[PDB]
Amino acid sequence: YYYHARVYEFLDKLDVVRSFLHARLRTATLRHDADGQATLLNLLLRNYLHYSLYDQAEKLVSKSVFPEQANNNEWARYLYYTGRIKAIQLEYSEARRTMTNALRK
Amino acid sequence: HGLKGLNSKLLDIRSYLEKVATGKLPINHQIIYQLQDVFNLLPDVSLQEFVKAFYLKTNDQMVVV
Amino acid sequence: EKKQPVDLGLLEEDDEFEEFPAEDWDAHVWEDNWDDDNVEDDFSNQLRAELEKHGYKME
Amino acid sequence: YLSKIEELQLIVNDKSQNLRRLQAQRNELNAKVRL
Amino acid sequence: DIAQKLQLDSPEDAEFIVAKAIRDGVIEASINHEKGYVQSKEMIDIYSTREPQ
Amino acid sequence: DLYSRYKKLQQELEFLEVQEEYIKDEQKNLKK
Amino acid sequence: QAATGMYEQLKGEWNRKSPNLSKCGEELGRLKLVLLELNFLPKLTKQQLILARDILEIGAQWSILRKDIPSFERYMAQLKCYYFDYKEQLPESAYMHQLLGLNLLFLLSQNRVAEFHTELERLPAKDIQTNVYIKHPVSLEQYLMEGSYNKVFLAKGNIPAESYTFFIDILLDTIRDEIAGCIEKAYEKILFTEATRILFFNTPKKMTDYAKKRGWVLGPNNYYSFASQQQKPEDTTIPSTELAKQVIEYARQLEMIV
Amino acid sequence: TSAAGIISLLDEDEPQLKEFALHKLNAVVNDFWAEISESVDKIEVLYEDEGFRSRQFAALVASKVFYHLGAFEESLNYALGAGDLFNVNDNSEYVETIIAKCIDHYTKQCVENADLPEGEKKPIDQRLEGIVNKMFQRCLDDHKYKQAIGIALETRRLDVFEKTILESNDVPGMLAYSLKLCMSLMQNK
Amino acid sequence: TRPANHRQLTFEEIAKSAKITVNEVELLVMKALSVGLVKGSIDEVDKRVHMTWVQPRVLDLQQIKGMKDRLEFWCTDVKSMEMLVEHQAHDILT
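Residue numbers (full-length UniProt numbering), protein chains in the order written: chain A, 211 to 315; chain B, 196 to 260; chain C, 3 to 27, 35 to 68; chain D, 24 to 58; chain E, 421 to 473; chain F, 39 to 70; chain G, 89 to 130, 135 to 350; chain H, 3 to 191; chain I, 283 to 376.
This is chain A alone, in the form it adopts within the complex:
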C-alpha cells in the first residue's frame, strides 16, 4: 500500500483507491494487525491533505483509535499529519506536541 498510493495521481487514485484503503482499514481493524492499520490510516490522512480537507481528516481522527506495536517511522508520520491538521484548525499548543514527537520518534 505504501507504494500503491505513492505513484498514483488523481481521483481514481485519490477516490477509488481511497475507498479501498478505508475498506480493509476497517477489515484489518477487526483483524487487529497494528502495522497495516496505522500505515493505511496514514495513507488516507495524506490523501485528505493532498486534498484540502482538514475537517474530514479531523473528525476522522475523532473516531480513530490508534494501535500499539508500530514502526517509529509510521508513528512519526502520524504525529506529523496529526500535529499539522491540529494546527491548521488554529489550535497550536497541542500541535507543537505531536510535531515534537514527530521529531523524537
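There are no misleading hints in this set.
Straight line, CA to CA, 27 Å or less: simulated DSSO-like cross-link-like pairs of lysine-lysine: (1) I/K361 x G/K337; (2) E/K461 x B/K247; (3) H/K165 x H/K182; (4) G/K218 x A/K223; (5) G/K324 x B/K252.
Computed beta-carbon distance windows for the label pairs: (6) G/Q338 x E/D421: 43 to 51 Å; (7) B/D232 x G/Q345: 35 to 43 Å; (8) E/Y467 x I/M365: 29 to 37 Å.
No lab work stands behind these hints, which were simulated from the structure alone.
Note that CB positions come from ideal geometry on N, CA and C, so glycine has one too.
Position chains B, C, D, E, F, G, H and I relative to chain A; hints supplied.
Below, chains B, C, D, E, F, G, H and I without anything else, positioned relative to chain A:
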C-alpha cells in the same frame, strides 16, 4: 494520623461547650480564656505578607526538587 | 529500520530544495547562539554618532 | 467466522504471558536475593 | 509615536490595537485618552512564584 | 474444534489471571 | 423550471424569489435524485450539472435576504462538488467568486473561527492571486486578529458588494462590544466625543444609548467604568489544596514509580 | 465523493427526498459517514420520526457510522431497528461484524437472564433472539452443532439444544462431545 | 470587639472612644501594653495601632455559642482536608 487527631480534639471542646450551655456548665472561666487564646493565636490572613512568604519559600523547594 | 525511515522521508517529499540541500551536504557551532541579527551598526552608529554630533555640531 | 476469529481476539492475549514473563525473572530475582 | 514606529495610518487605529493588546495580558497598561499616551504597568509581578512553580 | 479450544482457552485467560494477580504477591511479600 | 429561477433573481424581488422557491423544491427533489450527489465526477450529463449549479446558486442568493443562512450553507455544502470538482467549465460561475466570500463572511458573522480557518485550509486555492474578491473576508479576519479601524474600513468597502450589508450590521455590532469589552478594562475615564471616536458613531446620542445598554454610569460627557480590578485571589484555595495532591501525586509519581 | 449534499439533503424536507437522501446516503454512507458522523444528531431524531418510514435506513446507516464510530450497542440497536435495511444473509464484514457484535450482547443478557431464570421469555430483545436463533438456524444449516451448541451452551437454550440434530445424524458424537465438555465447562451444574 | 482579623485603630478612634484628647492616646496604649493587657505596636506616621493580641476575660451563655459555631467551622476544615488527602496517595498507607 495527626489530622485525624486534630478533628478529635475539636469535637471534644465543641460538645463540651454545649454541655457548658446545657450539661449544667459550671463556668470554668479558665477554659474559656484558653479557647479565646486559641482564636487569638489563629493565623489569619492570606495577607500580602504571608502570600509572599509561602510563595518565596515554595520556589526554594522547587529548585531543590 | 533505516530503510523504513528513508521510505517515510520519500513519502513526505522528494524534495526540490531538500535535494539541493542534500547535494550541498560541515563546520562547527562554537557554543550557544541567538540573537545574531544584522551588523554594520556600531561604526555606522559612530559614523552617525559623528554625523549625529556632527549634525549636532551643525547644531 | 463468527466464533472463528473470536479465538484470535483472545489468542493475542498472550501479551500477559510475557509481562508475567518480566515478572518471573523480576520475581525470581528477589527469590535469589531473599534466599 | 507608537503610530509612527508601527507605520500605521491613524491613532484611532492604534488604541484599537493597543486596547486589544491589553486585554490579552500583554502590556499591563492603561491608556490616557485625552492626552493620548499609553502608561504602563509594573512588575509587582516580579516573583509571581506561581509561574516558576 | 472451537467448542473444545475456543472454550478451553478461557481457562488460560485465567491462568495469566490466576498467576498475573498472584505474581504481584511474590513481588510484594518478598520486599517485606 | 430552469428559467423560473432566472425570472426569480433577474426579477429582482427576493420575496418573489422566496415563495417562488418552494414550488421549485419538488423538481429539486426529483432532480435532487438526479443532479444530486454528483460523485461520478463527470455532454448529456453536462446539462444536468450546468442547470443544477445555478439552481442552488439562486437558492443561496435568495437564502441570504430571507435569513435562511444555515440552509444555503447546506446548499453551499451541496455546491461544494461543483466548483471544487475536476473540471474547467463546471467551476466557472462568478456566483462562486461572490458566493464563497459570502460564506466565509457568514462564518465570521457566527463567530465560528474554527470552521472559518478550516475553510481557509480547504479553499487553499493554489493558483489564487492575492485574494481578489476573497480578501474581503480574509483581510477582514486578519485585522480583527488585532486592530479594528482597518476592519471597519472593510465594512465600508463591501458596498461594492451584496446583502452581506446585513452581515455588516451584524459584524459592526460584533466589533463594537469588543472595543467596549476591551475598553471596560482599558481605562476608567472617557470624554463622550472620544467614545464616539472609538465606537465609530456618527451620532452623539447613540453613545449613551449604547452605554446605558452597557450599564455605564455617565457623568456629563465623561464616563466611569469602575470598579477597576479586584487584584484578589492572593492564593488560598488552589495553593495548598492542589499542590498537596500534586505533592501527593508527585510523591505518587515518586511512589507509583515502584 | 463528499457527503455535503447528502449532509444538506438531510434537513431538507420531502421525506421522499430524505428517503432518497438516506437511500443514496446509505449506499455511500460506507465512506462518507465520516462527514455524516456529525449529522447523527438529526439522524437520531430522524429515527424518532414515525412519519418518515424508512428511518431504519438511517438507523442502519447510523449503525454503519457507529461501527465506523466503533459504536455498537448503538449500531446494534439501530441495526436492530432496521430489520429490513438489515439482514443476516446480507454479507459485509460490517454486517458480519455487527451481527457477531450484536450476538455477543445476547450471551450475557441470556446469561444474566439465565442467572435468575432460564428458558423462554421476552426479556431479551426478540430481534436479537430471532437473529440469534436465525444464526442458530444458520448454525443448524451449518449443521455442525457445537457451533450452535457452544453458543446455546452459553445460550442456555435447550429448545435449540432440543433434539433436532439428534434425529438428524451423528448417532454417536453429538452429546458426549458437548456432555463431556459440559462437565468441564458449565458454571451452573 | 473589632475582631477577628480587623484589629487596628486610628488615634482618633481611641480618642472618641475614650474621650481622651489625642496626644495621650499613645501614652494610654503604651501603658496598656506595659501592664500586659495588650500586645502590639504603634505606627505614628499613619496614626494606627495594630494590636497583636488582647487578654481574654470571660463571658456568659450566648458568647459560648459563637465558640461552638466557630469550632464547627474549623472542624469542617479537617474532616474535608483529612478526608480529601487520602484519595491521591491511597497508594501510600500503612
